[PDB]
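A.B. asks: Now for the letters of each chain:
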Amino acid sequence: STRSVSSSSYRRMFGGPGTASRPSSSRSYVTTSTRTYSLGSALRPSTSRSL
Amino acid sequence: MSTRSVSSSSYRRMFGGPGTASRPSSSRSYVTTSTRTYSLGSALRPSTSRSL
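Sequences listed follow chains 4 and o, in order.
In short: position in the first sequence from 1, add 1, done, that's PDB author numbering.
Heads up: the second sequence at position 51 corresponds to 51 in PDB author numbering, and the numbers run straight through without jumps.
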């Protein structure tokens with residue numbers, strides 16, 4: 002009676018490099034809508050008092 | 001005879017000469033040229049110099 006070759010997937014489906022999509026999203030670059038600030042210092046002249 | 005009259009002459013006898021009829025009208029109002037410490041507009045130069 003033939004001891005037939007029991008032929009399950011010992012050939013492939015393995016394995017080790019199952020480490021596919023590592024999260025490169027761990028590098029994000031978040032920044033706010035970075036302001037240049039306003040200043041009234043060029044709207045304000047010197048009102049000189051002549052005597 | 002003719003009267004040698006060294007008169008008060010008929011141009012100043014009745015006419016108060018040098019004299020109050022020559023009228024020293026000198027009311028001595030002193031012409032006080034009032035000196036103010038002010039150049040025109042010197043009180044306000046509105047200084048918009050705020051060079052920020």
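For the record, the hints were derived by calculation from the structure and aren't laboratory data.
Check before you lean on any hint, since a few could be wrong.
[Said to hold, decoys possible] Pairwise CB distance ranges (calculated):
(1) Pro46 (chain o) x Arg28 (chain 4): 52 to 62 Å
(2) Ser47 (chain o) x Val31 (chain 4): 15 to 25 Å
(3) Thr48 (chain 4) x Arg36 (chain o): 20 to 30 Å
(4) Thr48 (chain o) x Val31 (chain 4): 37 to 47 Å
(5) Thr37 (chain 4) x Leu40 (chain o): 18 to 28 Å
(6) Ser39 (chain 4) x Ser49 (chain o): 17 to 27 Å
(7) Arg36 (chain 4) x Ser49 (chain o): 21 to 31 Å
(8) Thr37 (chain 4) x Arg36 (chain o): 30 to 40 Å
[To be verified] Partner residues aside, some chain o positions facing chain 4, computed with beta carbon under 7 Å:
(9) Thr20
(10) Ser22
(11) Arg50
(12) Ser51
(13) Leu52
Virtual Cβ for every residue (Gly too), placed ideally from N, Cα, C.
A.B. asks: Indicate, hint by hint, whether the structure satisfies it.
C.D. replies: We went through each hint and held it up to the structure:
1. Checked against the hint of 52 to 62 Å, the pair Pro46 (chain o) and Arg28 (chain 4) passes, with Cβ atoms roughly 56 Å apart.
2. Between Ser47 (chain o) and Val31 (chain 4) the Cβ separation comes to about 45 Å, which falls outside the hinted range of 15 to 25 Å.
3. Checking the proposed 20 to 30 Å range against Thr48 (chain 4) and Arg36 (chain o) shows it holds: the Cβ atoms sit about 23 Å from each other.
4. Distance hint for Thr48 (chain o) and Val31 (chain 4): a CB-CB separation of about 42 Å, consistent with the stated range 37 to 47 Å.
5. A beta carbon spacing of about 44 Å between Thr37 (chain 4) and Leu40 (chain o) contradicts the range 18 to 28 Å that was offered as a hint.
6. The beta-carbon spacing between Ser39 (chain 4) and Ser49 (chain o), approximately 18 Å, falls within the hinted interval of 17 to 27 Å.
7. Take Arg36 (chain 4) and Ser49 (chain o): their Cβ atoms lie about 26 Å apart, and the range 21 to 31 Å holds.
8. As the Cβ distance of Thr37 (chain 4) to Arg36 (chain o) is approximately 50 Å, the hint placing it in 30 to 40 Å is violated.
9. The beta carbon of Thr20 (chain o) is not positioned within 7 Å of any beta carbon in chain 4 (closest approach about 51 Å), and the interface hint is therefore violated.
10. Interface restraint check: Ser22 (chain o) against chain 4, minimum CB-CB distance 50 Å, threshold 7 Å, status violated.
11. Because the smallest distance between the Cβ of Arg50 (chain o) and any Cβ of chain 4 comes to about 2 Å, under 7 Å, the interface hint for this residue holds.
12. Given the 7 Å rule on beta carbons, the hint for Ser51 (chain o) holds: about 6 Å separates it from the nearest Cβ of chain 4.
13. Because the beta carbon of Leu52 (chain o) sits about 1 Å from the nearest beta carbon in chain 4, less than 7 Å, this interface hint is met.
Checked against the numbered hints given earlier, this structure breaks hints 2, 5, 8, 9 and 10; the rest are met.
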